[PDB]
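Single-letter residue listing:
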Amino acid sequence: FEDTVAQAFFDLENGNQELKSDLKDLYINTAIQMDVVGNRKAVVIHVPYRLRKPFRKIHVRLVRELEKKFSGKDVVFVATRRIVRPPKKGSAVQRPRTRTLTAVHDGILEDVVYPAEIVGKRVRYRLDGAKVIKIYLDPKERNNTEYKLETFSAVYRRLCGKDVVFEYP
Amino acid sequence: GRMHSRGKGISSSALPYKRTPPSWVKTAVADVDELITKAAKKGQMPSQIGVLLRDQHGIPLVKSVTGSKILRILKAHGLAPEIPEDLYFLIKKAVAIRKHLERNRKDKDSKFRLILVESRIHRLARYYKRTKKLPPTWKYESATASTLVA
Amino acid sequence: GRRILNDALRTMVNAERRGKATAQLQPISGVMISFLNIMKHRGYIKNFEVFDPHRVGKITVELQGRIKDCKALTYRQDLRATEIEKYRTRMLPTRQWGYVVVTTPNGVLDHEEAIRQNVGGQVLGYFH
Amino acid sequence: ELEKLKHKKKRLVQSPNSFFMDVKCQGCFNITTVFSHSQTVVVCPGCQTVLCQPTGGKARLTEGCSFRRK
Amino acid sequence: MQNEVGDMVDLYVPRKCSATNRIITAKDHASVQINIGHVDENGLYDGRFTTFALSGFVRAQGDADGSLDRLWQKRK
Amino acid sequence: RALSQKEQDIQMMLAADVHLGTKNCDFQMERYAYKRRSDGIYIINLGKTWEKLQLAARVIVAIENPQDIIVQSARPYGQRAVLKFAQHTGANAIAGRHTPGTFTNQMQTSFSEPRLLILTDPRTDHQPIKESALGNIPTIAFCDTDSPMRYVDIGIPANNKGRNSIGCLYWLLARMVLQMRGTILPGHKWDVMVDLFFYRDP
RNA sequence: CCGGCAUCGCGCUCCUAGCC
Ligand SMILES: [Mg+2]
Ligand SMILES: [Mg+2]
Numbered sequence: 019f020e021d022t023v024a025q026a027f028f029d030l031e032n033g034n035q036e037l038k039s040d041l042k043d044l045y046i047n048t049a050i051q052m053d054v055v056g057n058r059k060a061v062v063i064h065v066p067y068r069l070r071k072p073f074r075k076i077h078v079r080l081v082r083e084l085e086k087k088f089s090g091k092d093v094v095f096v097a098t099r100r101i102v103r104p105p106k107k108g109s110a111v112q113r114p115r116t117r118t119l120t121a122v123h124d125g126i127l128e129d130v131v132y133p134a135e136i137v138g139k140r141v142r143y144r145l146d147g148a149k150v151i152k153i154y155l156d157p158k159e160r161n162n163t164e165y166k167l168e169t170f171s172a173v174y175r176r177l178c179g180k181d182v183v184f185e186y187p
Numbered sequence: 002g003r004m005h006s007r008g009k010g011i012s013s014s015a016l017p018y019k020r021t022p023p024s025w026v027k028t029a030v031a032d033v034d035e036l037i038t039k040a041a042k043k044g045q046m047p048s049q050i051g052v053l054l055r056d057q058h059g060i061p062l063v064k065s066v067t068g069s070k071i072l073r074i075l076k077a078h079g080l081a082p083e084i085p086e087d088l089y090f091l092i093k094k095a096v097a098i099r100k101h102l103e104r105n106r107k108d109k110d111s112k113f114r115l116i117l118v119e120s121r122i123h124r125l126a127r128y129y130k131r132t133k134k135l136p137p138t139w140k141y142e143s144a145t146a147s148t149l150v151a
Numbered sequence: 002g003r004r005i006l007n008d009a010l011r012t013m014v015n016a017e018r019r020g021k022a023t024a025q026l027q028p029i030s031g032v033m034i035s036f037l038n039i040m041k042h043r044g045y046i047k048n049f050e051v052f053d054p055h056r057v058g059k060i061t062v063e064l065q066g067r068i069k070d071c072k073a074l075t076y077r078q079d080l081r082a083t084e085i086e087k088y089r090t091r092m093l094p095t096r097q098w099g100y101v102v103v104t105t106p107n108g109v110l111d112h113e114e115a116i117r118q119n120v121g122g123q124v125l126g127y128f129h
Numbered sequence: 015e016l017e018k019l020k021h022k023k024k025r026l027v028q029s030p031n032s033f034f035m036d037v038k039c040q041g042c043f044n045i046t047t048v049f050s051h052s053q054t055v056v057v058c059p060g061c062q063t064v065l066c067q068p069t070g071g072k073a074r075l076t077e078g079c080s081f082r083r084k
Numbered sequence: 001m002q003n004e005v006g007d008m009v010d011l012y013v014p015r016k017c018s019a020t021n022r023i024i025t026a027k028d029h030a031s032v033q034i035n036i037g038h039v040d041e042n043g044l045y046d047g048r049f050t051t052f053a054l055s056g057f058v059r060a061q062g063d064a065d066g067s068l069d070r071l072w073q074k075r076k
Numbered sequence: 010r011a012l013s014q015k016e017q018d019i020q021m022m023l024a025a026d027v028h029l030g031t032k033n034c035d036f037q038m039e040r041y042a043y044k045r046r047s048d049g050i051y052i053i054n055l056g057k058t059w060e061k062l063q064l065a066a067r068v069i070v071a072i073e074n075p076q077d078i079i080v081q082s083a084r085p086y087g088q089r090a091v092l093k094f095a096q097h098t099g100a101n102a103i104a105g106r107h108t109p110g111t112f113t114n115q116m117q118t119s120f121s122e123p124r125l126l127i128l129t130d131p132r133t134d135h136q137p138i139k140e141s142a143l144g145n146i147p148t149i150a151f152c153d154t155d156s157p158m159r160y161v162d163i164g165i166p167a168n169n170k171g172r173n174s175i176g177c178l179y180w181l182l183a184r185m186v187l188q189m190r191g192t193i194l195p196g197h198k199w200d201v202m203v204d205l206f207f208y209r210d211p
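Chains as they are written, first to last, in PDB author numbering: chain hb, 19 to 187; chain pa, 2 to 151; chain va, 2 to 129; chain xa, 15 to 84; chain cb, 1 to 76; chain za, 10 to 211.
FYI, nobody ran anything at the bench for these hints, they're computed from the structure.
All the given hints hold, so there is nothing to weed out.
With a cut-off of at most 30 Å between alpha-carbon atoms, the simulated DSBU-like pairs for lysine-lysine come out as follows:
no., chain 1, residue 1, chain 2, residue 2
1, xa, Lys22, va, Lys21
2, pa, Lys134, pa, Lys93
3, va, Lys47, xa, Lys20
4, hb, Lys149, xa, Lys24
5, pa, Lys9, va, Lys72
6, xa, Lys22, va, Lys59
7, va, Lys69, va, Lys47
Computed from the model, here is a short list of chain pa residues facing chain xa with C-beta under 10 Å:
no., residue
8, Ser13
9, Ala15
10, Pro23
11, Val26
12, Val52
13, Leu53
14, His58
15, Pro61
From the three backbone atoms N, C-alpha and C, an ideal C-beta is built for every residue, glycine too.
Could you build the full structure based on these sequences and the hints that come with them?
This is the structure:
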């Protein structure tokens with residue numbers, strides 16, 4: 019599956035004049051298919067780090083493309099961050115505040131939902147110990163991403179292991 | 002409340018939720034960098050620079066647009082002042098008060114206020130020596146204080 | 002002038018004593034959340050939410066009408082697994098119910114789980 | 015909802031009351047971005063008209079100078 | 001409550017206020033117990049009612065009216 | 010179609026100036042004011058007045074022996090109302106001054122043990138309200154937007170300070186009581202006219 | 001109640017060192 023999506027990514031430069039100066043430049047680290055509720059499936063892609071502003075620059079006329087150059091199921095795009103285990107009881111190694119679980123998962127939150135801009139969060143603590151991260155997105159850019167919301171939650175359960183639901187003001 | 006009065010006001014600024022720059026802000030990080038250095042070399046401290054960029058050039062906050070605090074911008078380009086801004090202004094006010102005081106020696110309200118301002122100067126200088134923004138030997142003379150500023 | 006987990010618990014006692022259903026704690030911390038988890042798992046509060054606008058934080062708690070008093074032991078004493086007994090006699094209404102909350106290197110937990118896991122720590126507060 | 019009446023910092027999620035606005039004079043129909051609580055006397059670079067006035071609150075625009083919140 | 005041999009040794013488990021969950025003591029003479037009747041169809045009343053108890057604390061705050069209003073809005 | 014019973018009650022209460030409040034608002038009575046005019050006087054949500062009237066009616070009808078209900082008015086405009094309300098629903102009216110000790114003094118000749126108590130205005134009928142808190146007596150009151158709500162369980166929000174409002178509210182409570190008791194059958198035909206409830210100035 | 005792991009667990013020549 020890595021290589022069939024590699025092939026699908028490898029040749030869109032033919033035709034679609036307007037997509038030039040974007041994809042002559044960028045390999046993906048990995049891409050994996052994952053199952054969302056209802057026997058629907060979806061796919062996740064991992065751009066390493068340096069080109070996340072490139073993808074986020076466009077992220078629309080090519081995300082549609084992989085639903086027309088792939089045309090089976092949904093795709094999402096995130097940028098791979100390294101998470102470091104917390105430094106041992108004092109070891110004189112400070113761990114900059116990036117590459118911290120909190121900051122990294124907030125990055126994956128901000129990028130999984132990239133078209134919209136995050137406008138609020140809430141963390142609910144259910145009675146028996148379940149935890150829910152409800153997120154409010156900008157009310158504009160709403161008919162772009164309302165059907166991948168179940169997909170977005172399925173994505174977040176994979177690489178961060180959290181129960182997030184989304185909603186609008 | 003206030004450190005040297007009984008006032009309890011809560012008037013201050015409230016930054017928005019949204020960290021990212023607004024949709025309508027199109028200016029690029031290098032141009033803002035250039036404006037900051039240009040105003041700095043002209044003699045504007047980070048507060049005046051921020052007021053300028055808020056008012057004329059439609060920059061809400063530099064840290065949202067450029068990702069770096071304006072003082073850090075001035076430091077990276079070697080343009081931060083030697084005496085930090087708030088201590089600079091406290092020193093200047095203390096000098097003004099003392100200059101007024103030699104002309105009115107029975108004005109005891111201003112003597113009280115001079116004590117309060119020097120107290121604030123000493124507390125902020127303690128902070129600055131502790132955090133290595135001043136030499137560990139900087140000390141404040143009543144006599145030779147106008148030479149440093151203005 | 003602030004040392005939180007006192008303002009949170011005392012706001013909750015005041016709100017519960019007035020019969021309010023929702024209480025709001027302005028400054029939050031992991032310590033407060035960990036305490037509130039013990040409260041919920043032992044049954045004295047309903048579910049609660051973290052509201053992050055950005056800052057220290059904010060939370061809203063749902064009050065079930067069964068808590069009588071929850072307070073802090075500021076000046077958190079050092080508390081070993083043998084003098085648990087005498088603190089709970091000094092501080093709880095009976096041998097049958099009520100919990101003392103202790104922070105321990107195995108997390109924040111009530112005194113009974115502390116007895117079972119055989120760890121002491123420092124006392125944070127109590128609720129009953 | 016009644017949060018719009020509450021104090022700037024006492025809302026559930028704190029937010030500012032000020033805005034940046036696109037302002038337009040009469041003699042030079044370019045559009046200048048200015049801040050609702052200015053603190054400065056600002057003049058448009060082209061027409062050289064005085065454009066707003068510093069007050070204790072929101073800045074006072076000058077005669078016949080349209081603006082849009084944005 | 002219960003003896004350890006299964007027996008129930010308390011006498012008169014008290015009522016609890018339906019708004020605040022406080023106990024309604026034996027000497028709390030400002031508490032009331034309301035029975036609101038169920039209208040179903042032709043006739044619009046049979047001996048069917050739901051009961052709500054309010055302690056003197058709530059009634060003395062004035063919040064008896066709001067509490068009763070909100071507790072009647074439960075659908076069955 | 011025709012108008013539903015709720016619509017007709019809204020019409021009548023609006024005709025009787027029930028919707029028209031006072032300049033002030035007690036905070037506990039704030040859950041019932043809709044909005045305030047440049048005059049300064051609040052307007053009452055008549056839909057919430059009608060909802061509370063229903064709740065009050067369902068509480069009144071459940072009393073198996075209506076002689077265990079005491080209705081009461083210290084004002085002169087509410088005499089003739091609370092009398093006819095008592096005469097068609099079968100409750101016990103006491104109009105005018107209330108004798109202190111009626112509910113707490115067992116050796117008084119004027120001594121009653123009411124299971125329910127209805128009050129024209131919490132402000133002027135404050136003595137029966139205080140005496141209720143000593144005898145576990147629930148209470149229903151007609152509360153203007155300045156009425157203190159201490160010790161009142163069911164409050165009907167309304168202008169209780171007008172001649173037509175008091176009468177129309179008591180008429181309209183009585184109508185629902187009779188409907189739910191079944192003495193008025195489905196179909197709005199009830200023959201007692203609202204003019205019976207307004208008082209007569211000699 | 002806890003051991004033993006696995007997620008996106010900064011290393012070992014030297015002591016203890018499982019049948020790589
Ligand atoms: Mg303060
Ligand atoms: Mg002080």
